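A single chain, nothing else alongside it, follows as structure tokens in the form solved without adenine (ADE).
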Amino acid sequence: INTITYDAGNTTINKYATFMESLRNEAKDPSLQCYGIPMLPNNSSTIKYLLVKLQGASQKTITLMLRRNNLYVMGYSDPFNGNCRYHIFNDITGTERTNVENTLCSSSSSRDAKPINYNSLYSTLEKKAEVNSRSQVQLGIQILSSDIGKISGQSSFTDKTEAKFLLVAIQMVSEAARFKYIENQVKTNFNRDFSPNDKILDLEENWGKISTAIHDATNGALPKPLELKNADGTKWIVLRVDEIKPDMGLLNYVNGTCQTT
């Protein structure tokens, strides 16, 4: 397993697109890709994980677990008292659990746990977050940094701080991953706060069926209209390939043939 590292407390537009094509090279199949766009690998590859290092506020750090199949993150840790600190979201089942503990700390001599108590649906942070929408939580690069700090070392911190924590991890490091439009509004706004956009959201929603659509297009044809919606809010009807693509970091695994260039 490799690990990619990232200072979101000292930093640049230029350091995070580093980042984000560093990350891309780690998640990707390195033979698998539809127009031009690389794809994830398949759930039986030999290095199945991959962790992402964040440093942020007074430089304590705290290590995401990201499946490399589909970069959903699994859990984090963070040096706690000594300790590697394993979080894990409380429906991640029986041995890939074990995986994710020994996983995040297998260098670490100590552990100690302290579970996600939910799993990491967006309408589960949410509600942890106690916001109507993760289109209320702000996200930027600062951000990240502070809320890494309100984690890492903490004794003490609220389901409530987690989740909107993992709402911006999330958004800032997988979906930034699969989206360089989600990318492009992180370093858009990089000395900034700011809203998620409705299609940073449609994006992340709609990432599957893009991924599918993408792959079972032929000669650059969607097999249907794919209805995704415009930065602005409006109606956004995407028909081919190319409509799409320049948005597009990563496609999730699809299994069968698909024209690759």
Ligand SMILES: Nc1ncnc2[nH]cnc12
Second form
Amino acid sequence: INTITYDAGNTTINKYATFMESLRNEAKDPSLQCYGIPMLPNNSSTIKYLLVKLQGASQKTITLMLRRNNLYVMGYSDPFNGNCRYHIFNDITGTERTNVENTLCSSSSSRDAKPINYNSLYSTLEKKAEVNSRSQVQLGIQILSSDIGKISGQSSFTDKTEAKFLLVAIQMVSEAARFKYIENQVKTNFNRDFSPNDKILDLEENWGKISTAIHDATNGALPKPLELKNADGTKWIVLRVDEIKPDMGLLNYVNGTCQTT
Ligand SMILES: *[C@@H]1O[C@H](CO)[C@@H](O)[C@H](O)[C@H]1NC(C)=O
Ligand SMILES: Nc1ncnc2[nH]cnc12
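Please move on to the form solved in complex with adenine (ADE), as the form solved without adenine (ADE) is already shown.
Time for the whole complex; same chain goes first.
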């Protein structure tokens, strides 16, 4: 397992970009790519996971453990009380959950669970973030950083805080990794909180669809228009990989073959 570390607390677009690239590079199946979009490995990769050690506010860190396969943050750990406090979504269930715990807390002698008392569905996180939508959860490095700060090492944080952080982290890490677009959003908004636009959200929501679409794209043509959202929330009908590709950082693993380039 690898740790892409990203210090959200002190960072730069470029570092974030690098983080993204690292994250993508770490997350992606080295060999899988559809349309030049790296794709996440299946869930049978040697290295299933990836850690994203985010450092945020007060240099507090939260390590996201991302399943490389779908770059899901499976939970995260934060150094808490000398413990690897691992917080795993409660729908990280058994062996992954142990692996997530273990992975999160591999080089920590001590661990303590602070489960994410919720699954990682955005809806969940949003619910838990008590936001209607993570559209409402501003993303931003600072937010992430701060969020990291609100969570990492924090004996208590509400699910809300966590969920927000997760929303933030997930999006700024995984989604951003998944979607260059999102990455780009972050980067574009690097010095600011930003409300993830609909495209972020949409991409996020449609990543698998996109990945699928892209993966299943024949010579660039998405099997089906991907109805995505433009940044401004307008419908964005992607017909072709190339339309969406730029947004894509990672394709969700989609088995079978695709035009790798
Ligand atoms: C960020 O880190 C750089 C060097 O890595 C340092 O000069 C700067 O003070 C740090 N900024 C903040 C606000 O953490
Ligand atoms: N936990 C998570 N990690 C990455 N992407 C997500 N999308 C929704 N939940 C997620």
